[PDB]
Amino acid sequence: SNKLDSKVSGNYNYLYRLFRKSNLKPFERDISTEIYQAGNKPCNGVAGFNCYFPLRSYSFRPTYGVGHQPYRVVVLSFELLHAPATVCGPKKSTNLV
Amino acid sequence: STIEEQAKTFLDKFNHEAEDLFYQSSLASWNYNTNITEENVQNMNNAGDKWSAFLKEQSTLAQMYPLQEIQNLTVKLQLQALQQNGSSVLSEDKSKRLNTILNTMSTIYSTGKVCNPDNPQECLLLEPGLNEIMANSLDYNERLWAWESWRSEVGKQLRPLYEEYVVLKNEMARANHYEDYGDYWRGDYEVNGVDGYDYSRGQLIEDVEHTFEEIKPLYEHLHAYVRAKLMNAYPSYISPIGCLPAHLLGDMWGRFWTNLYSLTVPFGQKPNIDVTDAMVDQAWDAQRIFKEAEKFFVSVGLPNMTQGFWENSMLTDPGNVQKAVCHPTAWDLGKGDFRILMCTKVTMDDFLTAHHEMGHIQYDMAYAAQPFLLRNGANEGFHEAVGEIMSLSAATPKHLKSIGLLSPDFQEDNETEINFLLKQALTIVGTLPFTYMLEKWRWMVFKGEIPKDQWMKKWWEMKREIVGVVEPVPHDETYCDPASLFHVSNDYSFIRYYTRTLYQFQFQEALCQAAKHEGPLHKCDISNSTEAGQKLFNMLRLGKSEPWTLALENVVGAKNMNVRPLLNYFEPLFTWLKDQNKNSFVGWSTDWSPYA
Ligand SMILES: [Zn+2]
Numbered sequence: 438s439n440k441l442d443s444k445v446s447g448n449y450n451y452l453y454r455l456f457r458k459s460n461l462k463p464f465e466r467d468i469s470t471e472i473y474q475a476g477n478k479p480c481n482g483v484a485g486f487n488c489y490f491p492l493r494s495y496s497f498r499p500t501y502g503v504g505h506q507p508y509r510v511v512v513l514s515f516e517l518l519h520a521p522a523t524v525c526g527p528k529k530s531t532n533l534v
Numbered sequence: 019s020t021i022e023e024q025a026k027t028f029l030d031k032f033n034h035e036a037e038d039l040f041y042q043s044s045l046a047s048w049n050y051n052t053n054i055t056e057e058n059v060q061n062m063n064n065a066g067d068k069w070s071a072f073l074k075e076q077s078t079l080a081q082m083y084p085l086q087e088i089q090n091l092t093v094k095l096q097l098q099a100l101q102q103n104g105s106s107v108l109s110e111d112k113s114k115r116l117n118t119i120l121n122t123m124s125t126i127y128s129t130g131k132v133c134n135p136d137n138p139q140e141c142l143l144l145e146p147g148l149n150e151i152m153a154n155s156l157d158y159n160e161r162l163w164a165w166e167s168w169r170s171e172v173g174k175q176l177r178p179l180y181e182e183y184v185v186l187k188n189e190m191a192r193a194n195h196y197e198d199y200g201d202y203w204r205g206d207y208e209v210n211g212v213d214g215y216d217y218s219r220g221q222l223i224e225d226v227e228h229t230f231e232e233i234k235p236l237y238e239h240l241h242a243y244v245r246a247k248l249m250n251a252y253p254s255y256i257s258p259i260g261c262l263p264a265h266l267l268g269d270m271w272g273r274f275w276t277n278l279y280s281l282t283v284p285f286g287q288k289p290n291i292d293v294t295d296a297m298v299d300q301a302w303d304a305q306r307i308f309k310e311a312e313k314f315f316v317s318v319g320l321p322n323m324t325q326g327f328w329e330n331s332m333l334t335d336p337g338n339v340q341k342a343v344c345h346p347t348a349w350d351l352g353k354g355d356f357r358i359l360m361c362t363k364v365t366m367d368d369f370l371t372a373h374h375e376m377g378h379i380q381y382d383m384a385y386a387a388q389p390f391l392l393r394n395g396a397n398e399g400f401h402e403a404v405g406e407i408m409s410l411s412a413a414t415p416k417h418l419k420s421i422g423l424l425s426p427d428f429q430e431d432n433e434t435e436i437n438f439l440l441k442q443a444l445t446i447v448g449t450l451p452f453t454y455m456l457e458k459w460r461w462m463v464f465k466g467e468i469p470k471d472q473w474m475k476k477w478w479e480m481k482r483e484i485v486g487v488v489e490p491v492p493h494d495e496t497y498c499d500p501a502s503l504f505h506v507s508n509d510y511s512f513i514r515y516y517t518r519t520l521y522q523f524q525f526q527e528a529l530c531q532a533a534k535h536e537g538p539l540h541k542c543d544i545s546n547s548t549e550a551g552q553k554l555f556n557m558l559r560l561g562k563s564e565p566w567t568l569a570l571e572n573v574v575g576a577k578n579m580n581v582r583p584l585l586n587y588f589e590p591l592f593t594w595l596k597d598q599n600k601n602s603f604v605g606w607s608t609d610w611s612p613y614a
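These protein sequences, in sequence, are chains A and D. Residues in the first sequence are numbered consecutively from 438, following the authors' numbering. Residues in the second sequence are numbered consecutively from 19, following the authors' numbering.
I should point out that these hints are in silico values taken from the structure, not numbers from a laboratory. Every residue gets a Cβ at the ideal spot worked out from N, C-alpha and C, and that includes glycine. Hints may contain errors.
Claimed, not checked - Selected chain A positions facing chain D (in silico; Cβ < 7 Å):
hint : residue
1    : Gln474
2    : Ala475
3    : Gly476
4    : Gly504
5    : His505
What the hints assert, rightly or not - Anything over 10 Å on all C-beta distances counts as not near chain D; from chain A, calculated:
hint : residue
6    : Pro463
7    : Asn487
8    : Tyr489
9    : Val503
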């Protein structure tokens, strides 16, 4: 979406997370914004001694290269359970004689 | 918890916001280099202000971070390049008057105007004046007068200022826990921690001096040739046993001898290789020559480039109201933003230079995946070297003939190639004399081995015996020769150009035996050399995570610099110089002076 999502002044809207204490299980949405505690001293909820905000903005600009421009990703996952399986898929038809 | 994790977190952050800040700073820079407007000056200033402020804050807070208990051998480089105590050790007032004294000295250099006698109106800034007089006139009196005026009106003003600045730099170096400021710059080459591949701060002194001594006969024959040409031109002003005049070398500092090429050419009947009229005939522009060089890089297997190159970088002179610099430079705006600045003109020099900065583009691209403080070469001399290797390799007439610049009917001749070799000797070999002179001179000056009252006199002895340059007009301690140089007016290490000159020939030879070239080294091309292209990629893909000694061992297998390629590439030139000088005196005397 380099044509659209890249604005000249900088699309400072969206966020990445880069520091986390541990990994995450598949398929859960975590919205924790607590300051990462890299050092042994407490963060006290503010940036400081080995303490930084885990979320930083994209800061996209049109000048960015192909490998840095925004990309929209959609993941479709199918789940089959003990249900009559409503969503099936299209069925064709032909003229009758 | 251990400190290594804290260091990793901090360095990752530092990379993040540092690359961000550098991105917008370079965006403003590429704004300015194409438009001259005041708010652009303002926002460059304040963006650099945040740059410096946050860098200083991070460096100060990381100064407390030690080095003993941090492993991985690469974070160590990050810490070493991030600590950077520098001049911040001393008091704030000391930094203040250091800043103002550097401002005053740089302004004095820039605002050094030479006014003609008996008319204080037609003053010259050396930008519109002597720069063309030296290259288009051969007047002894005018050159001598301008030389004396430049070394008198300028150096006398800041000779005590130069002494004070040198004392201040040595004092801050001593407070930096180094023996002297020369060692302070030598610390950039400090390499340790890996067995066998270490490098000391005194090894460079020894091997450079030994290599200079080995090369010395080549300079002796070159100086004899130049002196013989000088008697052929001015037999009434140069002694056959004395030293050459200072203002007859080709330039004021003795750096370039190319200005005498048209005077020192033995075979002027045969023109050199110049196909600018050819490309004018096909009406080639910057776009066409750049596509030519693009597929030339393709031929060595190097990949194409993205769109931002050509819908972001503008490659002409804007003229009209938009004012831009015409000094061609490749700008690394950071994080996939690569641009080129050049005013397009029809010239072979512009052709080779354009090859030069686009090779630099690939150079900077090579280490695009490294952490922020690692986006440079293992050393600094690799830069303008790797930039120029491909241009010099393509300078061979075979490459020009293949791509249509040179007609197939043009048979290669020994005279033109010997003329090219002599042009090289006057251009590239001529940089070494002033290089080692100034460089060793500053190493002995900053070591405290030269008395203050006998400084200027101490400048002359080796100048009369090593480089063989005798002053047309005697100079006392009032004069200040180094103050006349621009490259020291901004306080940069001059070793860079010597490293480039000595590394380059080794590089093209390495490429040649990588390409299995057969025959003379001066008839070797890097076209269709994809294996050497990928090997060079492997060489440049490291960055600043390993010693440059390992890079030299990777390219050819040597942990110490080799001067054999320099001799093998000029064996024909050496033989021709010997043949030419076999009927002329060899050597010079250090006692003769033109002023008696
Ligand atoms: Zn270069």
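Structure-based check of all given hints:
1. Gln474: Interface hint status for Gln474 (chain A): violated (9 Å vs cutoff 7 Å).
2. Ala475: 4 Å, holds
3. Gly476: At 5 Å from the nearest chain D Cβ, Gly476 (chain A) passes the 7 Å test, so the hint holds.
4. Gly504: Holds - the Cβ of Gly504 (chain A) comes within 7 Å of chain D, reaching about 6 Å at its closest.
5. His505: 5 Å, holds
6. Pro463: 25 Å, holds
7. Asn487: 5 Å, violated
8. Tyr489: 5 Å, violated
9. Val503: At roughly 5 Å from the nearest Cβ of chain D, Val503 (chain A) sits no farther out than 10 Å, so the non-interface label is violated.
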